[PDB]
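The form deposited in one PDB entry is given below as one chain in structure tokens.
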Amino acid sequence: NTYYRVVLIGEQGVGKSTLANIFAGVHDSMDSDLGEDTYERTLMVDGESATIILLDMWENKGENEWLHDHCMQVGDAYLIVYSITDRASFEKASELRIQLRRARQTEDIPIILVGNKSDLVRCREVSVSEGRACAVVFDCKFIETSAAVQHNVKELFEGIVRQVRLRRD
């Protein structure tokens, strides 16, 4: 089907739920078109409609299943989120990315490293240029977002759709 399934991973506190909720928006209850930690919404990209399923399950079992079961949730793209104001979370993200590489199934799947909370300039602990450096060295795409100020949130999800489309030929 024409669904774009995006899996959100990263340390607790980095803003995965906020970013999902901010991209999802508040939905019109009359829309007939999905339970635990799941966001679904259509979005027009480059002229063609895309149905994005966002899976935010890492805190409820996703992380433990990675550790104990050695299994990652199936997606068309993975979003590895850290907070620009938290260096430990950034190192987790890099660790997660390296570990994901070893799921050889994910070879031709878009992985995006996301530095969230770019609105917190004064608390910044990770530079833009080292987020980028990590992306280049560990073979990701890279973006900085703010879910609070809603910066690069649409651009993130349009970019995921274009990458996923580039794959399917």
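Residue numbers count along the first chain shown, from 1. Shifts are known only where both forms have a C-alpha. We call the rigid core the largest set of C-alpha positions that still match within 1.5 Å between the two forms. Compared with the form deposited in another entry:
For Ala88, a C-alpha deviation below 2 angstroms is recorded between the two forms after rigid-core alignment. Annotation: Cα of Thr51 displaced by less than 2 Å between the two forms, core superposition.
In a rigid-core overlay of the protein, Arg122 has its C-alpha displaced by under 2 Å between the two forms. Comparing the shared residues between the two forms on a common core, the stretches of 3 or more consecutive C-alphas each displaced by at least 2 Å are 31 to 33, 64 to 71, 103 to 107, listed in sequence order.
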Given for the second form:
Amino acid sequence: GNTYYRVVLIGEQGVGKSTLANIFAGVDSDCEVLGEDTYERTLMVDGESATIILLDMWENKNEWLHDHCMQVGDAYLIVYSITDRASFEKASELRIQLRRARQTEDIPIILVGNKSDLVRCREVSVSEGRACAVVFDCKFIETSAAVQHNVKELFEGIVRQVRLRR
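Could I see the form deposited in another entry next, after the form deposited in one PDB entry?
Partners and other molecules have been left off, which leaves just the chain.
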């Protein structure tokens, strides 16, 4: 409870949420019995221990699970694919949706452009991701979950952001 961070992955189908979540996990004694699509890992960030509870239960078709995700997170990773415009536009919709669900809280958010390895398929530019993050007042990163590029920096980044709002 200060050492602990509940982090929620949201985004359109096929953007890479589950692939991100799997890289994050892999290998004790947190109080929480993990359910559905929940992962726990304890991380060292800036010389301080961080227990992350990661939720990856956002699907596009349990309808209440959307409202659940939007309510329980301390922090959010709003994921789109650089090779998919509509997922990028969806990300803005989800950010607005999240802001309405949490009107009075300063929620740490990272906007994540996944699939950066798919160079010839890029449809969304780095500048667009950046400009969008500026409009949203959140952070931005591009990852490739397939090759584990910037995935470490991402989860360090989100812990770093939630600590700044204390």
